[PDB]
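The data below hold one chain only, encoded as structure tokens and taken in the form solved without the named molecule.
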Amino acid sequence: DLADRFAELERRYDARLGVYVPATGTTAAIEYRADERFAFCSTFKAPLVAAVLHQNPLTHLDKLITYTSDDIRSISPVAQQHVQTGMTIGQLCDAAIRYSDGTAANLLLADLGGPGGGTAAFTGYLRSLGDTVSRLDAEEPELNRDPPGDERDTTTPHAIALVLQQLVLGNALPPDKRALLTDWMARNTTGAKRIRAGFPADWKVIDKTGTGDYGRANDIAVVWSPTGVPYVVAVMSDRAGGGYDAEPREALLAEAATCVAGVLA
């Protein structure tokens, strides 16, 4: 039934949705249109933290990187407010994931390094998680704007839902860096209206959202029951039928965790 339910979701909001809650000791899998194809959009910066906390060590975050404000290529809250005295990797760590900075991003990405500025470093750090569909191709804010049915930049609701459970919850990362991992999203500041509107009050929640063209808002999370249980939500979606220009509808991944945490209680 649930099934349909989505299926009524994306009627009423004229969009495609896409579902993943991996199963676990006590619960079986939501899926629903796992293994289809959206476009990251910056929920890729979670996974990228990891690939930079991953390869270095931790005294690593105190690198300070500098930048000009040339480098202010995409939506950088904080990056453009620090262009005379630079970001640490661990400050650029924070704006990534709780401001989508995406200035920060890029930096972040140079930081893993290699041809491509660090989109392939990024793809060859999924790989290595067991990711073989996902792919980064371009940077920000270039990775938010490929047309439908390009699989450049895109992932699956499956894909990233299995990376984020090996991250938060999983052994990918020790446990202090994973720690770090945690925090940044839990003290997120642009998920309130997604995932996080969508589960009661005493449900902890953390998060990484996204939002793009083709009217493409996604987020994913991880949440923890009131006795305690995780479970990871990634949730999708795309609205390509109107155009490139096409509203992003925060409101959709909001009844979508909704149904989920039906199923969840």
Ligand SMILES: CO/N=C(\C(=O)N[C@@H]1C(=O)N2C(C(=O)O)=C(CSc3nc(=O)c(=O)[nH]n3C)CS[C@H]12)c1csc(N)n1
Given for the second form:
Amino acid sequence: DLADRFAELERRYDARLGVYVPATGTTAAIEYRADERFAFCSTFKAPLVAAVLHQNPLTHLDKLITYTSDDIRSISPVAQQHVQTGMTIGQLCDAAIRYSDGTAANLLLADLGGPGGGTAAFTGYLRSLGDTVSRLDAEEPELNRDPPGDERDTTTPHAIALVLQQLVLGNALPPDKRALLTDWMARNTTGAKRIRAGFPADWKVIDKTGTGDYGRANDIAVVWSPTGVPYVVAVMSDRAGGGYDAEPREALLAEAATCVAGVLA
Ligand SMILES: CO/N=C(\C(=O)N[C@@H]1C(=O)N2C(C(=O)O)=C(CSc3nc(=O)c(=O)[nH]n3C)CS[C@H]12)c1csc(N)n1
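Show the same protein again, this time as the form deposited with the named molecule bound rather than the form solved without the named molecule.
Now the full complex is given, and it begins with the chain already shown.
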């Protein structure tokens, strides 16, 4: 009744919903529209922090990068207050995952690929994870604004769930660098009402969200059962037929996570 239960979700919230859960030795693949393209939005900041972590020693995380107030072109609740102090890369990483800071991600993009090669550098990182589907093409804020059906700035639930499976659970990042990434997303302040609300409290959830135009609302997550058996949930949604200013529904992401928790009992 999987596809039956998610289709109702789509009818009730008037939304396109994408769901992927990788197969495990015990559980099978939960896949609803898993190979359709959904806009990254702020979800890209999580594998982007991984990219900066992978390309640099830990001594790089304490490098002072200096920006201006003119450089805050988007929702940057952490970078807003450090207009003069600059920010250590480890803090921009912190701002990128936990507070979805846009100016952080734009400075993190430049540290990775330079002034004009940041998007392509980030896309090539995902290539190195075997993700040949996703693409970042724009920087903040325009990556949240691409029209529907456009392939630019898009991933799929399948590809981002497989990517995230290598970062937290796989051997893509070294033990210590992975630890800092697993901690950052477990400290995130944005995903309370998405996948967190649908998994029981004695389950452990780590997540990075994305929200954007055309009603776009995403939550990428790794979940941990009370027995410690781990899963990676990718939930992606938009309400294109609503228009650019359509209202994202967080409770949509919540219910989809409730359904996947029900089959993971
Ligand atoms: C051009 O950029 N447009 C954006 C945008 O910057 N999106 C980013 C993104 O993915 N972000 C995320 C997040 O990570 O989910 C968030 C966090 S979600 C959230 N938390 C709150 O406490 C709250 O009161 N409201 N919201 C929405 C906000 S926008 C930023 C946008 C936001 S809503 C919309 N229609 N567009």
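Between two forms, the rigid core is defined as the largest C-alpha subset superposing within 1.5 Å. Numbering follows the first chain given and starts at 1.
With the rigid core aligned between these two forms, the listed residues 116, 170, 148, 86 include just one Cα displaced by at least 2 Å, namely that of 116.
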